[PDB]
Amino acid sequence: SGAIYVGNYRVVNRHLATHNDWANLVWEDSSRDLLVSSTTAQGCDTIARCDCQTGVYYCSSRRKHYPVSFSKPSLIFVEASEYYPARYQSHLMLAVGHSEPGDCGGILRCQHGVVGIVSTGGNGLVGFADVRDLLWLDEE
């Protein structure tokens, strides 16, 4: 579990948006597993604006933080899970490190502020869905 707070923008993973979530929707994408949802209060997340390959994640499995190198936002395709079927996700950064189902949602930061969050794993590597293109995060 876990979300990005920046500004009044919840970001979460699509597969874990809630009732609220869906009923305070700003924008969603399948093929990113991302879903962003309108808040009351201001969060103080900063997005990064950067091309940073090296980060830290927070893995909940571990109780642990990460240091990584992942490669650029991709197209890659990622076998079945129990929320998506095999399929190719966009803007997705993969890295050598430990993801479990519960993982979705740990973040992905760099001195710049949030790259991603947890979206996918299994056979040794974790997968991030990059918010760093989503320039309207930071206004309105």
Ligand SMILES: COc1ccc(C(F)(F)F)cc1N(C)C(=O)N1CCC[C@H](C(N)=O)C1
Given for the second form:
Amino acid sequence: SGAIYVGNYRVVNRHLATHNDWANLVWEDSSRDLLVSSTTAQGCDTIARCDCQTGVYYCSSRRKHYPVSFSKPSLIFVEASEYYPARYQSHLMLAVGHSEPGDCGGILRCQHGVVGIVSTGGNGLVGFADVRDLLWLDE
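I would like to compare: after the form solved without the named molecule, may I see the structure of the form deposited with the named molecule bound?
No partners, no molecules, just the chain.
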């Protein structure tokens, strides 16, 4: 579990979104596994605007942060689940890093701010849904 709070927005994995997220929907994209809902309280997370390929992510299954090198956002094949059929997930970045089911939602950050959230992995890999291209999160 986990979310990004920036301005009047909450960014979560689309497969983990709640009834409240869907009743206050701003934008969602099944191909990115993202959903953004509106909030009453003001969020203070800073979104990174960069092409960093190094950062640190929070891994709940180890209660630890890990430094990682990660790939550029791209279309990557993802296995079927109770939430999606087998498909290409867009704007996904992979790193060699552990992860298990509930790790979805952990933040990846670089020196500039929030880069994205854990959305994939499996077999010793973890993937991140990138949010750096969503320029409207700041306004």
